[PDB]
Structure formats: C-alpha cells, structure tokens
Amino acid sequence: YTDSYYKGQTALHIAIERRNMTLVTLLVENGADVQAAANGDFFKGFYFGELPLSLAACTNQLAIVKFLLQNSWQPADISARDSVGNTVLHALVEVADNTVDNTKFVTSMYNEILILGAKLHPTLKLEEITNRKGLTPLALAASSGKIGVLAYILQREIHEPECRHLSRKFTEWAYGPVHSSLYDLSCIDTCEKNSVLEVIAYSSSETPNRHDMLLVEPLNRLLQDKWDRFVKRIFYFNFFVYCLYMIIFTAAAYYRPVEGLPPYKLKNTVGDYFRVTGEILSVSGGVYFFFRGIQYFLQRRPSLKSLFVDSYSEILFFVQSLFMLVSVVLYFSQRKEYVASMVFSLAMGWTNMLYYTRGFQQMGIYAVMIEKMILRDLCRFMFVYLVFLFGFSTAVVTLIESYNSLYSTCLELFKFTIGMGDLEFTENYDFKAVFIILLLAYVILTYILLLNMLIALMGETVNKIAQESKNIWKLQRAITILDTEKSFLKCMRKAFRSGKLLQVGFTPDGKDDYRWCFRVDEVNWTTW
Amino acid sequence: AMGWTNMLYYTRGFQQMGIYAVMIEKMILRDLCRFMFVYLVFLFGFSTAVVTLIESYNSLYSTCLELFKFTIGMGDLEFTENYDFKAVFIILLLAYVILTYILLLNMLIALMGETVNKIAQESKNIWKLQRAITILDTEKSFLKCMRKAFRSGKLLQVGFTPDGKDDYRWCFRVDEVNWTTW
Amino acid sequence: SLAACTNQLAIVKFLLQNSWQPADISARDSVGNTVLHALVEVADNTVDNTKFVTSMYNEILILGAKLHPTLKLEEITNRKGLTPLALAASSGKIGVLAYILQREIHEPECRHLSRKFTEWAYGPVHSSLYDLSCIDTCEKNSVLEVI
Amino acid sequence: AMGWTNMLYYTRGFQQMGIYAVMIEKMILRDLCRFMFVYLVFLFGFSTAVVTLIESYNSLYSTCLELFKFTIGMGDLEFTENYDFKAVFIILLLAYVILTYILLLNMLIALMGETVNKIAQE
Ligand SMILES: NN1C(=O)C(=O)N=NC1=S
Ligand SMILES: NN1C(=O)C(=O)N=NC1=S
Ligand SMILES: NN1C(=O)C(=O)N=NC1=S
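Residue numbers (the authors' numbering), protein chains in the order written: chain X, 194 to 237, 244 to 600, 626 to 752; chain Z, 546 to 600, 626 to 752; chain G, 253 to 399; chain Y, 546 to 600, 626 to 692.
I should point out that these hints are in silico values taken from the structure, not numbers from a laboratory. Backbone N, C-alpha and C define an ideal beta-carbon position, used for all residues, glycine too. Incorrect hints may have been included.
[Stated by the list, open to error] One-sided and incomplete, this derived list gives chain X residues near chain Z with beta-carbon spacing under 8 angstroms:
#1 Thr298
#2 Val586
#3 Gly643
#4 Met644
#5 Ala657
#6 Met677
[What the hints assert, rightly or not] Computed far set for chain X versus chain Y, every beta-carbon distance over 10 angstroms:
#7 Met214
#8 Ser282
#9 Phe517
Start from the sequences and build out the full structure, keeping to the hints where you can.
In structure tokens, the structure reads:
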C-alpha cells in the first residue's frame, strides 16, 4: 500500500468514507492517528482536504466531525493544514460547486464547524487562518467563484449567545416593521492583504461566476454607496478632462500644416503657438496613457490571456497611446507617414470615449451590449461575409477583363452591403449571363440574407443578455471604483465606510468588538 | 465563387460557427425560399407592367434589373421618361417599393428573428449530427493508416458471467459527482 | 409478443414458463421481428408508452436470462439484420435507445444484461462504465452509423 | 414641418394609433437617444480623422456629411482622392462602416424589437 493512487489513506479514512459511525469509534479508540494526512495525487479523483476531519466534513458526516473534534481520547486539530495548506473551511469552500443541495450542505457544515470551533476555542478566530497561497475562506470563495458560500458568509447571522461574534449581519433597532442590518465590512473593502472586492474585480477572468457575485446584497450596496459618495465626482472630472484633452487633440491635428518636412519650424504666430501647445498637450496625454497601460500590465499581472479576454478598454487605450508615440517618432524622424499613425489615434480615440459610459446605467448597458455583439455576432458575420465576398470578388475579377484588379472588384461588391452596388459597374465580363448570375447570387446571399440574419441574431442575443449585460456593467463599475480607490491622485482619505460601530462590545474574552460595519435599512410588513 | 461558399462546410467543427452555418441552412431553406417566391412574383408582375407602359428600357430584362435595384436601395425612381403616363408609372413604382422594400424585406427580417428564436437547440442538435457524420466518415475513411479509433481499453465489467466465464467489454468511463446524501 | 406489447406482463410470465407447453421467446414471425423487436416497433416515444416499453423490455430480458442464462436474446437479428438497439436507432425510438444505453440492473444473475455499470463510488463521486458493445463498431451495423 | 409632426398628438384618441405614438415616444426617448449619442461619437471621431487625412473636402462639415451618407446607404467610399494615403483612408472608412452601419443600426433595430416586446401593456 505504497502507490500514489491510494497513498496516505488509512483505515480511518475508509471508515469515514463508508458512512459508518460505530466503526470509526472502534478504530479511533484503538489509537488511530487522525493527523495522518493523505498526500496522494489521487486526493489532489477528488480532493476533500487530505485529512480525516476535512474528509468527514466535506462528505456531510457531521457526526464524525463532532466526535473527532471533541473526542476524549486524542484531540483533533481543527486548524490542521495539509500540503496545500487548505484547512477544513478551505476544503468546504473548494468542494462546493454552487449547486442548491451542495450549497445548503456547505452552508450548514461551515456554520457547524464555526460554532464548534468557537465552542472549543472561543478566543481563536478560525476563519482568519491562511493557506499556503494566503487566501482566507471568504477570499478563497471570492477567487474561485463560490457564489453560494460568499452569500452565506456575507449574510452569516447567528443569534445564539457565545456564537454571535462569528456573524457579519447584526440586527439593530427593529422596534417595528423597519429594521437596519449592520453588514460587517471586515476584509470586504480593504483587508490590507487582499479584499473581497479586489479579488472579485481583479480576478483572472476564468472564474465561473465573477459577474454574478457582485449582486450580493452587502457588496452591491457598498459599491453603489462608494459611487454615490465620492467616486462619482472624480469619475465625472476624469470624463471632462478626457473630453477636453481629446478636443485639444482634434484641434491640434486638424490644423496641421500641409507643408513638407514633418518637423515644422515654429513660426512666430499666435495661432502657431496655440497649435504647438495643443500638440504638446496631446503628446503628454499619449505618454501618460502609455505609462498607464504599462502600469496596469505590471500591477494586475494579467495571465497573458486575460489581456484579450476581459480587458479591452486598457488594451484599446494602450494601443492608442502606441499610435500616438509612433506618430511622434515619425514626426521627429522626417517621415510624413506620422499622419497615417496620428489619424489612427484620433478616430480610435473617440471610440474609447465609450469607456466613460460605464458610469451611466443605461449607457453602460448599451456599451456592454456593443461589446458582446461585436465579440460574437459581428465576428461570426464578418467571417462568413468575408468568405462570400472574397469568393465572389475573385470570381468576378477572373471573369472581368480597369476593374480587373481584385481590390476594385472587392470594393464594388462590398458597396452592395451599404446599398450602393451598381449591378452594372463593368462591361468587360464578356459573358453577361454569368456575371449577372454571380452578382445576383452574391446579393441574395449576403445583403438580403446575411445582413438580415445578423439583425435577427442580434435581436435574439439582446433578448438573452439583458441581466448579463447589467451584471457586466456593475462589474466594470466595481473595477473603476477600485482603480480610483487605490490610485486617486488627489490625496484624499474618504474611501472609508460607515464609522466603527460597537457590534456587541462583549467578545468571548469580554473585550469590545469594534468592526467597520455598514448600515442598510429595510422594511418588513408581515407580522411585524 | 461557389467553391469559397463550400468553405462554410469546414465550420462544422467549431460550435459557434457550426451553429451559425446551421442557421444559414435553415433560413435559406425556409424563409429565404418563401421570400424569393413572393418577391419574384411581385417583381415579375411590376416589371411586366412597367415595361408594357415604357416605350432603351422597353426590354423586360432592363426593367426587372431596375426594379430589383430598389431592393438593394438603388432604385432611381425616375430611371425613364418614355412611360408617357407619369401618374401610372409613378403609382406602379411607389406601390412596388412599399410592397417589397418596406414590407417584404422587413417581413423577411421579422420571420428570421422569429425563426432563430425557435431553432436554437434544434440548430445545436443538427450541428452535433453533422459532427457525428464527419467523425464517422473520418473513422471509416482516414487515408493515414491509423488504428486510434478504438475507445477506452477493455475492462473487466464483472468477470463472473452466468457460465462463470470472464465478461470483457469495451466499456467507456464517465465520471460524475452527486452531492445529495452521499 | 401480442401480450407483451399490450402491457399484459402476467400473460407473458405464464406463457414463457408454463408447465404445459413451452413458449419460444426467440420465435420469429414472417418479418422476423422477435418480441424485443416488436416492443421497439410498437413504442412511439410517448411518456407513458416509453415507461411501458422500458418496463416490459426489462422484464422480458430478465425472464429470458432466468430461463436461458447462457443465451443472449438481444443478439437475435430479424430478416433485415437489425438488433433491437439497432432497430430503435434506425426507427428513431429515442426513449428505448436511452433506456438500453442506460440499462442498469443491480440484481445478481441479471447484471450482465446491463450496459451502465458503476465503479469505485466511495463518496459523492462515481464513475459509470457505459458499454460500447455495437455503439462504436459492431462489425455489422453500429448505433452511431445508423444514427 | 414640426407642426405636421404634432399631428401625431391627435392620435391619442385612436387605440392602435395612440399606442403607436406612445411607442414612438418611448423609442425616441431611450433607444434613439442612446444610439444618437454613440453614433455621433463615432461619426465625429471618424470625420475628424478623415478630414485630418484629407487634403474641397478638407472641411469638417463636408466630411461629416459624407460619412453620414453611409448610414442612409449612399456613401461613395471613394468620395475623395486627396488623402494621399489610400490604405489609411480606406481602413478608416471600412471600420466606420462596419462599426456604425452594419452593427450600430442593426443594434438599434434589435434594441427596438426588445423594447416593443416589453412595453406593450405599458
Ligand atoms: N475577360 N475576358 C476577356 O478579356 C476576353 O478576351 N474573353 N473572355 C473574357 S471573360
Ligand atoms: N409607351 N407608350 C408609347 O410609346 C406611346 O407612343 N404612347 N403611350 C405609351 S404608354
Ligand atoms: N492631406 N495631405 C496633404 O495634403 C499632403 O500634402 N501630404 N499628405 C497628406 S495626408
């Protein structure tokens, strides 16, 4: 019994796996070691925690955990950490897969484990234990997308004495049908190591339900309050600054001189001075955006795949900055091709003006719809339409013989999609029937069918991504809020939440429980 | 040209593009066919009317082309002056435009929207069927002298047949997780 | 077959193992469709009909194994050379196909008629062995080829 | 002209025409407004780009009109020859056409379909 497929597993593990309770006691009373962690590669098969206690807990055998934790024979270490370091709570967070029954099971098992740990060790905060990756169970749930466990923890309410301090949702004055809940923000806004909001907003883009998690009551209200308190003013100021900068860029570029020698001497004139000032401002903004892109690439450390997956705004801004920098280089390199670069950072730049629509609910949802449509439907349609257009342009140009060039024929065929095809644009075909048949078939296939098909696909898509688009907009707002909070450039400390409140003031040690609670009112009209 | 269109046949292997191709097939089969029937009816009727009324554009082919150019949004609306009855020709062109361009094309759009709204899972199933056909064609004809078409190795299902012999079958292994009571 | 397809399982039970005159479960008519082929044909994918045909096929298979443990009844081919699973595939009997491809019987002396066999299932994770006998390549006509 | 538009105000008395007018109001309020915002963004950006690249069409107004003519399906696609960089101007016009005409207009259509599908009783 030395192979890795069933390595480490002992008689106690087999007894726990068989749902047998008397046999487990018979084994334990003999002297069985409950700390013989199973380090087999089969138990990273399925990975339950690599300990008999975690194995019992994750299989819904609460009785076995109850016996092991407080057995009179050999103590069971609730805080035991395996090779990966994931303790019992981390194992429960990992095993859960958001299923309703599994969600209820993990919620109940986590609650019972926490209660028992407090009972044995009232002075120990079990949930604060960190694995080898430095992620707390709440943080681990946030990273892995365990929405059910996240919702339970953020709404963990326990009324029993000696177990209240483990909760986060604490009731307040509730004389009548209106009650205010204090949601604990401990490590939900800033844990100083890694907060829930940071993990959710700065995820790796592969989390199954990164969008939905922010719908959790406390998190959604916290982010909305942050937006409505101070972030709104700063974001609108940034929007205005961007508009001013881009109008400056448009004025400077539009009034560029037509003369040669791209490096133009600064003639003594007020208008020329204004143009030079505008160019300097535009280049400074481009350098700032380039440095912003570099900073975001270095800090967030994208996985080399999230760049094109969930970070388009930063990518577009960085590419516009690259275009500006290449334009400046060509301007100082005696190359008149700088226009070809400059003009690309102008038009594209105005498109990025859609990035400042994240702050407005309707316009942000519109931008999210634009993103999704371009990603899926516009991409598929462009694939198929390019196939058809290249095929029929090649056919026509082979049949045609000034329009014998492939480029001209492709342009003429594309003009049919914008409803401008001549249908008789040439007379060199020499086979009128064949050319006419080709053009007619192309028109019916692409203009009549493919475009209307794109319309229908987009209608069906918007009919099925409404709430998804709203969730993505809220996620974008969360990302912007966190970026402003971490980087603000105004020397302000208004990122703090509702003042510290005396939750209970009677900790298990008798000390005072002070936590950065957040207050949410609500009204209940039934029986109260 | 037709050849490049068949390049859509190699989209069966990609789920999204295969489903798009299946939607294209279904739309062309049903909605594009019905629309072409009705639109050809209308276009032939109104082209015959105009060409009877017109008299270089007195040919049926030229009038049909000019009327079809309205569907691609290029109809002149005054492409001739030989009609000799401006009111009648104008009424004919207006009626054709409202019947076909405004109504029939938007109708094709609405029909296609309703169709895509009701053949999503059907399109996915047809894509999977096409993938199955391609898989079987490759398996039977491979042109590479390979024997990797076999499935998960023979497994001793029980080993105790009613005759007491060994039951060896080419079983295939599928894992799953049950979180209720187990 | 007439009794089996009309949901009169008691009549089949009596006829198959009557003490008076043996009833040939493998009997083939002019078309050659045996009892299982008849059950596959009669079914029309209806929920109640699907349950009826599933139960009747399971009982017929169990009784045939009981009488003739050494005989694979399902392997009998009609005049067209289509097995009951193959016949269901050809005729589009989705319910019967799903039942056969998931026919799981835990009872001893009747396990070898199944196709879905459980494997190591110590906890909440279990792996099923789906039999691919004549599902990928039967050498005569496989389910995938027919579909 | 505006006056004749107010002739829609006397459609309140007819159930079908009144509901049509209400749909017109809601669509103009929400979907037409959002689409105009985004389309003006795109059109101003690409008109500024083209007019910076172009040099009789060097005026901003003429370039904006020529680009807007693509939305009514009348864009020339070769309306000038002063760009001096055919590749860049062609890329700009193509990108604008795909972004606005193909996508944004069809997007407005889809948004309006979804909106009418949800404001019938309203
Ligand atoms: N394009 N072309 C010619 O140039 C010709 O001379 N004869 N046939 C054809 S199709
Ligand atoms: N087309 N046509 C003529 O050519 C004419 O001479 N008088 N009336 C008509 S409509
Ligand atoms: N517009 N323009 C000019 O007028 C010129 O002379 N050289 N390049 C460009 S882009």
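Going through the hints against the structure:
1. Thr298: holds, 6 angstroms
2. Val586: holds, 5 angstroms
3. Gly643: With a closest approach of 3 angstroms, the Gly643(X) hint holds.
4. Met644: holds, 7 angstroms
5. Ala657: Check failed: Cβ of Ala657(X) comes no nearer than 10 angstroms to chain Z, outside 8 angstroms.
6. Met677: holds, 6 angstroms
7. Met214: It holds; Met214(X) is separated from chain Y by about 56 angstroms at its closest Cβ, greater than 10 angstroms.
8. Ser282: holds, 51 angstroms
9. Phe517: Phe517(X) clear of chain Y: closest Cβ-Cβ about 18 angstroms, beyond 10 angstroms.
The structure fails to meet hint 5 from the earlier list, while all remaining hints are met.
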